[PDB]
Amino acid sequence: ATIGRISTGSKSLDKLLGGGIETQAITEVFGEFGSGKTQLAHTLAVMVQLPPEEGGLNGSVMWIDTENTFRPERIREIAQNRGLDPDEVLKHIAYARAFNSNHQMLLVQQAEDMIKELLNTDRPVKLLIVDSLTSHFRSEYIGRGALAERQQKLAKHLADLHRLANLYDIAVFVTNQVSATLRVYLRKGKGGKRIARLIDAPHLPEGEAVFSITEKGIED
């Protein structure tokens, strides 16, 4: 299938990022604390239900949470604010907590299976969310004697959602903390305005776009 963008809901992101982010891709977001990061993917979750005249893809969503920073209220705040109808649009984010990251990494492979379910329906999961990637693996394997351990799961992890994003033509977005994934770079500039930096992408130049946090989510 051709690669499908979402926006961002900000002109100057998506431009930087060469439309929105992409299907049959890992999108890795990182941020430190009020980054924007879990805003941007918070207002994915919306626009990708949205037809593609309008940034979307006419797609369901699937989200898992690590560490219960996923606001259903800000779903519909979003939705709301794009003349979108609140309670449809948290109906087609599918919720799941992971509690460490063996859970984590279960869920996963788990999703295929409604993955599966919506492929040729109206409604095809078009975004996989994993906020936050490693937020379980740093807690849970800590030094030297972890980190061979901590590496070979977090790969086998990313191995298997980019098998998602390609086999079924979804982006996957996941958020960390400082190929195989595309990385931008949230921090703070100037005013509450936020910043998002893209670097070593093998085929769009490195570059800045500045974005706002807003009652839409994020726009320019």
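Residue numbers count along the first chain shown, from 1. Between two forms, the rigid core is the largest collection of C-alphas that superpose within 1.5 Å. First, how it differs from the form deposited in another entry.
- The Cα position of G18 differs by less than 2 Å between these two forms after fitting on the rigid core.
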Contents of the next structure:
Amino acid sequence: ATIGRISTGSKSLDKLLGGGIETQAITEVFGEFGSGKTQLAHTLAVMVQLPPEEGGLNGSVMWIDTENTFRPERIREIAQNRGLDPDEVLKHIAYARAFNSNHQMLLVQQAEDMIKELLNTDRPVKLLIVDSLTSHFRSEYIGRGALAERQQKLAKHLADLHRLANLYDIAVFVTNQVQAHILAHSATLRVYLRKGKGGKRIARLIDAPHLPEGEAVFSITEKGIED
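Return the structure block for the form deposited in another entry; the form deposited in one PDB entry was the one displayed.
Excluded here are partners and other molecules; the one chain stands alone.
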């Protein structure tokens, strides 16, 4: 099936991504605390709900939160400032907090149930967010022997997410806090975010040889993100 794209709200970042984030893929954003990962997640959760000629997919959202960082009022602000009803936008986001990494893995299985229900409705699930993908794995799997065990469990979690993306035509968007590399990763596309000067955020594609090699620049605003 043909893939869909979701505009991020920034034309610069959209060009870096070839039009937006893709369905049938996992896009991982990574960078230090404060680099804009969660604001990009909030913006995408609104953008995907727009019609396709405005860069959305007329889609619903599912959001797994490991750090209590989802903010419904920020959704409402972004929606209002993009011409959308804030409470309708919120109603098409299903939200769950993952208590630990094993609960996080179970929540991906639960998510399939709602995905199936909405699949042939006018707003099927088109975006599944995991913010943060790695935080519980990093606190639970630590010390001698933990590198191999943690990487194996992560890879299985990511395989479950790839299955949902590919089987149900969903964009999976995940965040990863990284304090300034040797570990393997299995996301489809990895985007490094960082702070720039003048309040700007800078994005670069990592290990993607046949895609754009420049950098996108964006700001965080009342519309979420924009150039």
